[PDB]
Amino acid sequence: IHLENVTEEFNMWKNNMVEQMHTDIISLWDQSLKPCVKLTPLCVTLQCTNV
Amino acid sequence: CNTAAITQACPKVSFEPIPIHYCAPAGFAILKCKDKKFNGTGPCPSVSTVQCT
Amino acid sequence: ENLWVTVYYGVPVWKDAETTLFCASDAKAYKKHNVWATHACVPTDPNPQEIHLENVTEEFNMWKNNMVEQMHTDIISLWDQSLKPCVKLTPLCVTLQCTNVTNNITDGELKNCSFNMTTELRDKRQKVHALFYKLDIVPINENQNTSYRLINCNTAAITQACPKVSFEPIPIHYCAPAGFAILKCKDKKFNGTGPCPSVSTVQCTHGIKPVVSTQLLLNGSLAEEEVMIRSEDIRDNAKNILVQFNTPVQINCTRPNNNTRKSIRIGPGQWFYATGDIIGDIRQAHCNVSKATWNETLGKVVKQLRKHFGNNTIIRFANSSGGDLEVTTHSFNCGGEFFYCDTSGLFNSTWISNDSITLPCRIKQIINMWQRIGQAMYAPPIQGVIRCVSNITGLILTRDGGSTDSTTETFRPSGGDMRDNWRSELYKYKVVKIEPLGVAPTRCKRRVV
Amino acid sequence: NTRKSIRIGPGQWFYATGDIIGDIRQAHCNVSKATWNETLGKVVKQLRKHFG
Amino acid sequence: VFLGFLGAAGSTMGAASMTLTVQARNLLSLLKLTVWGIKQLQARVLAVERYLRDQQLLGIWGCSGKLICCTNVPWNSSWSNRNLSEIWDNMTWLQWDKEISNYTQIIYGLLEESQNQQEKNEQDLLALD
Amino acid sequence: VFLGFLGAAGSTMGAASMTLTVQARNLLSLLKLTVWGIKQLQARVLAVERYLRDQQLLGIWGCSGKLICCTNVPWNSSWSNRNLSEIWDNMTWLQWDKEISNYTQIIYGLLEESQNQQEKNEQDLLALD
Amino acid sequence: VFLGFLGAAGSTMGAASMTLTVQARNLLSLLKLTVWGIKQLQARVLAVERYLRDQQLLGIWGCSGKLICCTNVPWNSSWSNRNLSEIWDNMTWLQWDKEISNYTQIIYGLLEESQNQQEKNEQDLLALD
Amino acid sequence: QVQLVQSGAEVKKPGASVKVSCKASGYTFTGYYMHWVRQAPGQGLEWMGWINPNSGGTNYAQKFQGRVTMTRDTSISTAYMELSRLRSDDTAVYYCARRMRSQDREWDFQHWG
Ligand SMILES: *[C@@H]1O[C@H](CO)[C@@H](O[C@@H]2O[C@H](CO)[C@@H](O[C@@H]3O[C@H](CO)[C@@H](O)[C@H](O)[C@@H]3O)[C@H](O)[C@H]2NC(C)=O)[C@H](O)[C@H]1NC(C)=O
Ligand SMILES: *[C@@H]1O[C@H](CO)[C@@H](O[C@@H]2O[C@H](CO)[C@@H](O)[C@H](O)[C@H]2NC(C)=O)[C@H](O)[C@H]1NC(C)=O
Ligand SMILES: *[C@@H]1O[C@H](CO)[C@@H](O[C@@H]2O[C@H](CO)[C@@H](O)[C@H](O)[C@H]2NC(C)=O)[C@H](O)[C@H]1NC(C)=O
Ligand SMILES: *[C@@H]1O[C@H](CO)[C@@H](O[C@@H]2O[C@H](CO)[C@@H](O)[C@H](O)[C@H]2NC(C)=O)[C@H](O)[C@H]1NC(C)=O
Ligand SMILES: *[C@@H]1O[C@H](CO)[C@@H](O[C@@H]2O[C@H](CO)[C@@H](O)[C@H](O)[C@H]2NC(C)=O)[C@H](O)[C@H]1NC(C)=O
Ligand SMILES: *[C@@H]1O[C@H](CO)[C@@H](O)[C@H](O)[C@H]1NC(C)=O
Ligand SMILES: *[C@@H]1O[C@H](CO)[C@@H](O)[C@H](O)[C@H]1NC(C)=O
Ligand SMILES: *[C@@H]1O[C@H](CO)[C@@H](O)[C@H](O)[C@H]1NC(C)=O
Ligand SMILES: *[C@@H]1O[C@H](CO)[C@@H](O)[C@H](O)[C@H]1NC(C)=O
Ligand SMILES: *[C@@H]1O[C@H](CO)[C@@H](O)[C@H](O)[C@H]1NC(C)=O
Ligand SMILES: *[C@@H]1O[C@H](CO)[C@@H](O)[C@H](O)[C@H]1NC(C)=O
Ligand SMILES: *[C@@H]1O[C@H](CO)[C@@H](O)[C@H](O)[C@H]1NC(C)=O
Ligand SMILES: *[C@@H]1O[C@H](CO)[C@@H](O)[C@H](O)[C@H]1NC(C)=O
Ligand SMILES: *[C@@H]1O[C@H](CO)[C@@H](O)[C@H](O)[C@H]1NC(C)=O
Ligand SMILES: *[C@@H]1O[C@H](CO)[C@@H](O)[C@H](O)[C@H]1NC(C)=O
Ligand SMILES: *[C@@H]1O[C@H](CO)[C@@H](O)[C@H](O)[C@H]1NC(C)=O
Ligand SMILES: *[C@@H]1O[C@H](CO)[C@@H](O)[C@H](O)[C@H]1NC(C)=O
Ligand SMILES: *[C@@H]1O[C@H](CO)[C@@H](O)[C@H](O)[C@H]1NC(C)=O
Ligand SMILES: *[C@@H]1O[C@H](CO)[C@@H](O)[C@H](O)[C@H]1NC(C)=O
Ligand SMILES: *[C@@H]1O[C@H](CO)[C@@H](O)[C@H](O)[C@H]1NC(C)=O
Ligand SMILES: *[C@@H]1O[C@H](CO)[C@@H](O)[C@H](O)[C@H]1NC(C)=O
Ligand SMILES: *[C@@H]1O[C@H](CO)[C@@H](O)[C@H](O)[C@H]1NC(C)=O
Ligand SMILES: *[C@@H]1O[C@H](CO)[C@@H](O)[C@H](O)[C@H]1NC(C)=O
Ligand SMILES: *[C@@H]1O[C@H](CO)[C@@H](O)[C@H](O)[C@H]1NC(C)=O
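Protein chains in written order, with the entry's author numbering: chain A, 84 to 134; chain B, 196 to 248; chain C, 32 to 61, 64 to 140, 152 to 186, 186A, 187 to 309, 312 to 321, 321A, 322 to 397, 411 to 506; chain D, 302 to 309, 312 to 321, 321A, 322 to 354; chain E, 518 to 546, 565 to 664; chain F, 518 to 546, 565 to 664; chain G, 518 to 546, 565 to 664; chain H, 1 to 113.
Wrong hints could be hidden among the right ones.
What the hints assert, rightly or not - For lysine-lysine, the following DSS-like pairs were computed, each having C-alpha atoms within a straight-line distance of at most 30 Å:
| hint | chain 1 | residue 1 | chain 2 | residue 2 |
| --- | --- | --- | --- | --- |
| 1 | C | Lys351 | C | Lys485 |
| 2 | C | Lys231 | C | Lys347 |
| 3 | C | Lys121 | A | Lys121 |
| 4 | C | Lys282 | C | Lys97 |
| 5 | G | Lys655 | C | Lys502 |
| 6 | C | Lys229 | C | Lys502 |
| 7 | H | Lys19 | C | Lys282 |
| 8 | C | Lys59 | F | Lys567 |
| 9 | G | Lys601 | G | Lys655 |
| 10 | C | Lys117 | C | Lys178 |
| 11 | C | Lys117 | C | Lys305 |
| 12 | B | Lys207 | A | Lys97 |
| 13 | A | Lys121 | G | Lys567 |
| 14 | G | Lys655 | F | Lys601 |
| 15 | A | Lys97 | E | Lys567 |
| 16 | C | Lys347 | H | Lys63 |
| 17 | C | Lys207 | C | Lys59 |
| 18 | C | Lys282 | H | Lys63 |
| 19 | E | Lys601 | C | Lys502 |
| 20 | G | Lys574 | C | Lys207 |
| 21 | E | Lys567 | A | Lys117 |
| 22 | C | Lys46 | C | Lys121 |
| 23 | C | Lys490 | E | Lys601 |
| 24 | F | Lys601 | F | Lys633 |
| 25 | C | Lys252 | E | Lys567 |
| 26 | F | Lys567 | C | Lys65 |
| 27 | E | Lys567 | C | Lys229 |
| 28 | H | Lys12 | H | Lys23 |
| 29 | C | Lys485 | E | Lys633 |
| 30 | B | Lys207 | A | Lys121 |
| 31 | C | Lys65 | A | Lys117 |
Note that these hints are calculated values from the structure, not bench results.
Isolated chain A, as found in the complex:
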């Protein structure tokens, strides 16, 4: 809905939508990895070579 004769101040740098969204994406990442396989035993000493 367009608002005629309305002049509003904006400030993309002091926006609170960015600070909330950044906390939303981070929170979604941890919840999608908690039930997945943790690779803590995969810290064995590796003996490698060149292909």
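With the hints as your guide, set chains B, C, D, E, F, G and H with the ligands onto chain A.
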């Protein structure tokens, strides 16, 4: 392994970004600035309102 | 003569009710994330409104108070929320081989224990040294050698508390939601239960500092006028006796040992903080209480004890003859370390008709508070020298009973529960719900029209 | 059966099966055949209401 | 002369009824999963539940905007036989609410049915022409 | 004669309208993370939301305090052509709500605009002198 | 003629006050511990609390059910010196709320005290005989 | 089904010590105090003292103050009563009692060994 723990991402979840709309609860509204030449900050002449981004 | 009912909205009527009270704390800005104030609690109002109720007599019962059971379940729930994200010392249950850290001393409360520990890598194992207290370690063979283990590894799990959280109690205002009210008893001479003459109403309680104590009540609220002897049943020996002082007694406790923090990595991101070598002299912790003040205060108590056991009788005080661990010592936290002070020198008097007292204290690091069978906390080493000065304002006594013909009466300190700590700060408060609806007959009728 | 509790960690207690005291007998359920036949018959009378 | 919230709780029913505006004001006014947050959330919902509960009863009784409201229900002598001088100049609302507690459920049922359940239909037919 | 909650569901609309206070009463009234707590808390919030939803419409329709409310909106014949005898003495509110369900949205729009959006401005101009 | 939610934000106060019902409608309407569920539950309670906040103030002003409510408080010239033509036919509700924002708390304090704190006592004494 | 099982008969020398067992079953052992009452042959009951399994705090009677030591073992749910320096009159049947589940207080010994 020297600094932090490691977790394998499940092979079922996908990392493809899909559109996400941010909406405002009741009693609140989101004002969109439709100015073509709108820089970072400052007053916006053409202002509309939406419920979701 | 013709009477009709009439609706009145806002009548002063309340009824005894138990609801969920929420937190209220002042704007203490700051090193943060203390367990109690936690992330966000409701900011107290700039000006509290204490409203006195004239000619109002309300029944009180501090011993059947529901505010105590809520607060007791809030402290315990706050503890677990602050230990879930911290490091668990489950691999620290390796067979320890200790010796005497006693600096080559002939004829010690702490042992030196070297052990094999896991590293950031799985296949790699390290051997590190760390100082432990004798109270947190038992021998593994009793056959006997010099091999040991942690005290908890046989019964409960252990989790290392995070070094950022502080155990310092800050004031907590328990507040009642809208539609409920708290009735405060402002009677100076109000004993445990019974009718309170002067009753007022408040929205939140006063700043109650949750000081987890034993025997001695530290940093508590003083009683006005004379000292108070509160008990669920004075004629019952199994029921504890809560005593509240009028003049605060001072107690200075220090840990002279200048401990050091030895951080050793036990896994990817897992950092176990152990005790390094103590810099300086080895000195066990102790507390000083003014003998002139304690004897004076103790005398003011026996004057009120004779008001319930005969105007002239024999009253003696002995040390705790029953229990172990934390119920037989004045246990409390101070700067992060948990003290366990022997109060045998405080309760060693007999009553009929500047030279301060020194109390030996022992310190642990694996503690089991609030009957928690299954969860043990490891207090990380507090770096530096510790000194805190407290106000002892209350006691928790216990009779010995027996077949005595009311000739002599002994009193011993105890601390069988932690709910008794909160009752000494909730004895005057009482939660009631507000019922603003009341009907009454008058000579007014609604117009039929 | 008997409960043979064996500790497998700090606070972790695993409860296993001890030796069976007495005879070795497998579990079973009985049910009265006369009552089961009677109830089974009362069902098939209602089943014929949907199958002729 | 104001005493405060519930200030006339020990007063007679006539002196306390003169300050009904006092108790009416103080009757409504990274993770938020803290135990205090849960307590605050459940306390705010608990507060508006008791507030709307009282306004709901005043709505079905036709007394939404007023603090003293007359009705059509005649006072039954079985509820209380006291005289007008013996109630408003001798008893308090506390001991009065304890005396009528066994009949408040019956009164409320008649308080909504005898009048505002009947008045709205009579007012509908009175405004019919 | 009271039957109980939803007692007049099968009765005529005229007989059911005499028991509006019955549905009005029964319409609103270490860790608490239990599945039942989450349900119970979410049920109380969902309950008070639906209650204020209806009271919200009663505010903009000028019918806040009443249970039966006359308006200024004329009934269009396109919504229903039945007479008062066929509606109030032969139909139930259930089968009546089913017959007007296709127009209840349109009626609501005129119900807030035709009167209380116009009456309050006229009340301002009539009380202007 | 309806424009939508906040449609008359840039119009004059006289043209915007004729659409009070528009903003009034859109003002209220295994584990559920997801980040979206906790936020949703806390938002619904936040919504109904803001709504009851305004309704509470309209209750102490005697304007609970009305959309345009006249009072007994005289308008002080210190608040604004403009004329009715310079306010209702030159200013919008946005820039008008900015000019009186320094006095809205004083007006609200007098709005509850000048009338409904005084009228209810006089309403009781006038209907006393 | 509260079950209280004590140890077997003991025979000791005067001045020696004796420890009496009392294993509980059928309830939460760490929620109720444990009392000890003895009775000389042909005499009446005599309360000795109660012990709180929670913290271990006891309450010996003034008659046995300095002779009896009451301990408990939470892992096996067994309270112990040890009497040092036995005299000639200590010959008695030693019972361990427990309060009632109801009434929220002690001094109503419903269950006995
Ligand atoms: C009882 O109340 C007293 C007084 O409120 C508590 O004493 C407090 O002790 C802490 C811990 O030492 C003090 O914090 C210290 O601040 C200094 C900075 O000056 C810093 O160098 C120390 O490392 C420490 O962080 C605190 O200042 C002190 N209180 C006051 C008002 O100064 C005591 O801990 C309370 N509890 C008990 C059980 O006694
Ligand atoms: C505790 O044991 C450790 C060994 O695990 C000791 O550490 C070394 O002790 C020797 C003397 O015995 C010193 O020369 C070394 O400098 C110490 N450090 C290291 C890294 O080897 C430690 O001194 C012992 N502490 C006590 C009080 O006996
Ligand atoms: C406890 O020991 C620490 C460690 O030595 C002391 O801190 C040292 O103080 C001296 C003062 O001359 C400094 O030169 C050192 O740099 C400090 N140590 C470090 C690691 O920086 C501390 O002073 C001791 N405690 C007290 C109360 O003096
Ligand atoms: C309470 O005080 C008594 C006082 O006797 C302590 O008992 C003494 O403990 C020492 C230390 O081994 C012994 O040498 C004495 O023989 C004991 N005396 C008696 C009469 O038993 C007792 O230890 C104190 N309480 C605590 C918990 O230590
Ligand atoms: C299952 O057990 C029940 C136990 O009650 C059996 O029922 C009993 O059968 C005996 C047979 O002599 C009767 O004397 C009792 O009166 C019965 N009691 C009840 C409560 O019914 C039952 O028969 C058993 N099941 C089968 C299939 O036999
Ligand atoms: C954006 O436009 C506004 C218009 O008033 C101006 O004040 C501001 O300086 C501009 N910013 C930039 C970065 O050009
Ligand atoms: C080492 O410590 C033990 C612990 O009490 C002590 O008994 C022993 O005497 C100490 N060693 C020497 C040589 O004294
Ligand atoms: C560490 O491992 C080595 C090699 O097995 C062993 O000799 C030593 O005794 C171990 N130390 C401890 C404290 O277990
Ligand atoms: C307080 O004193 C009264 C007066 O005798 C008594 O009835 C009541 O039991 C006492 N309460 C307590 C807890 O001592
Ligand atoms: C001790 O008591 C004094 C006097 O009541 C008080 O000023 C001081 O703040 C108290 N300190 C503590 C730590 O309670
Ligand atoms: C405790 O320390 C303070 C420091 O100001 C001192 O005034 C007080 O006398 C001390 N009290 C004792 C018992 O050591
Ligand atoms: C306590 O004070 C009394 C009264 O003056 C005195 O007789 C007694 O010796 C004092 N006791 C101690 C331990 O100071
Ligand atoms: C208890 O007090 C007496 C009398 O002053 C004293 O001789 C005794 O040593 C005290 N007890 C201890 C353990 O010091
Ligand atoms: C199982 O076999 C072992 C073999 O030594 C024997 O000792 C044991 O008694 C058997 N039974 C059980 C219950 O373990
Ligand atoms: C079931 O019972 C009925 C009546 O007792 C009998 O006629 C029928 O033969 C029975 N059927 C079987 C399979 O036993
Ligand atoms: C209390 O009693 C006095 C004396 O009768 C009276 O003047 C006053 O109004 C009363 N107040 C209340 C709140 O009961
Ligand atoms: C009077 O009260 C009785 C008992 O409460 C009730 O049954 C009766 O209907 C009432 N009568 C009137 C006329 O209100
Ligand atoms: C009302 O007052 C009179 C005295 O004037 C008294 O006789 C009568 O019993 C009272 N009515 C009651 C108590 O119901
Ligand atoms: C239901 O139908 C019967 C038909 O005789 C009628 O008498 C009654 O009023 C109706 N409503 C009821 C029973 O609620
Ligand atoms: C009823 O609605 C129809 C369809 O919009 C319209 O044509 C007709 O004029 C309306 N009549 C009345 C009386 O409102
Ligand atoms: C009312 O409507 C019904 C059904 O459409 C019809 O039978 C009847 O004639 C109409 N008029 C009256 C007066 O009932
Ligand atoms: C409402 O619309 C549906 C969809 O066309 C139709 O089936 C139904 O009959 C309509 N009902 C009325 C009362 O107009
Ligand atoms: C406006 O406020 C001032 C300051 O309080 C006062 O002196 C004046 O009388 C007021 N005027 C009106 C018209 O209210
Ligand atoms: C009114 O409030 C605004 C807020 O920005 C301020 O700038 C202005 O100076 C205030 N005016 C007066 C007269 O206080």
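Consistency of the hints with the structure:
1. C:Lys351 to C:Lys485: OK: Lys351 (chain C) and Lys485 (chain C) at ~22 Å, within 30 Å.
2. C:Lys231 to C:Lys347: Holds - the C-alpha atoms of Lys347 (chain C) and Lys231 (chain C) are around 17 Å apart, at most 30 Å.
3. C:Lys121 to A:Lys121: Holds: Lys121 (chain C) and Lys121 (chain A) sit about 17 Å apart, inside 30 Å.
4. C:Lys282 to C:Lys97: holds, 13 Å
5. G:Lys655 to C:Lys502: holds, 18 Å
6. C:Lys229 to C:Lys502: violated, 43 Å
7. H:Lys19 to C:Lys282: Holds - the C-alpha atoms of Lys282 (chain C) and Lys19 (chain H) are around 27 Å apart, at most 30 Å.
8. C:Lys59 to F:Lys567: holds, 28 Å
9. G:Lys601 to G:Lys655: Given that 30 Å is the threshold and the Cα spacing comes to 18 Å, the pair holds.
10. C:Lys117 to C:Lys178: holds, 27 Å
11. C:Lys117 to C:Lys305: holds, 23 Å
12. B:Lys207 to A:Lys97: violated, 37 Å
13. A:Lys121 to G:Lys567: holds, 24 Å
14. G:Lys655 to F:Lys601: Answer holds: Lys655 (chain G) to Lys601 (chain F) is near 21 Å, not above 30 Å.
15. A:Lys97 to E:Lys567: holds, 23 Å
16. C:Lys347 to H:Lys63: The given pair, whose Cα atoms are some 26 Å apart, holds under the 30 Å limit.
17. C:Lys207 to C:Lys59: Answer holds: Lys207 (chain C) to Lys59 (chain C) is near 17 Å, not above 30 Å.
18. C:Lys282 to H:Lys63: holds, 20 Å
19. E:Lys601 to C:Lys502: Status holds; Cα separation ~15 Å.
20. G:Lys574 to C:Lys207: holds, 28 Å
21. E:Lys567 to A:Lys117: holds, 20 Å
22. C:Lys46 to C:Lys121: Roughly 47 Å between the alpha carbons, so the hint for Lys46 (chain C) and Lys121 (chain C) is violated.
23. C:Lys490 to E:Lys601: OK: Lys490 (chain C) and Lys601 (chain E) at ~23 Å, within 30 Å.
24. F:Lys601 to F:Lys633: holds, 24 Å
25. C:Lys252 to E:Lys567: OK: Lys252 (chain C) and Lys567 (chain E) at ~23 Å, within 30 Å.
26. F:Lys567 to C:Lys65: holds, 26 Å
27. E:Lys567 to C:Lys229: Outside the cut-off at roughly 36 Å; violated.
28. H:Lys12 to H:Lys23: Status holds; Cα separation ~22 Å.
29. C:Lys485 to E:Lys633: holds, 24 Å
30. B:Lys207 to A:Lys121: holds, 15 Å
31. C:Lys65 to A:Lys117: Status holds; Cα separation ~27 Å.
The structure fails hints 6, 12, 22 and 27 (numbered hints given earlier, in ascending order).
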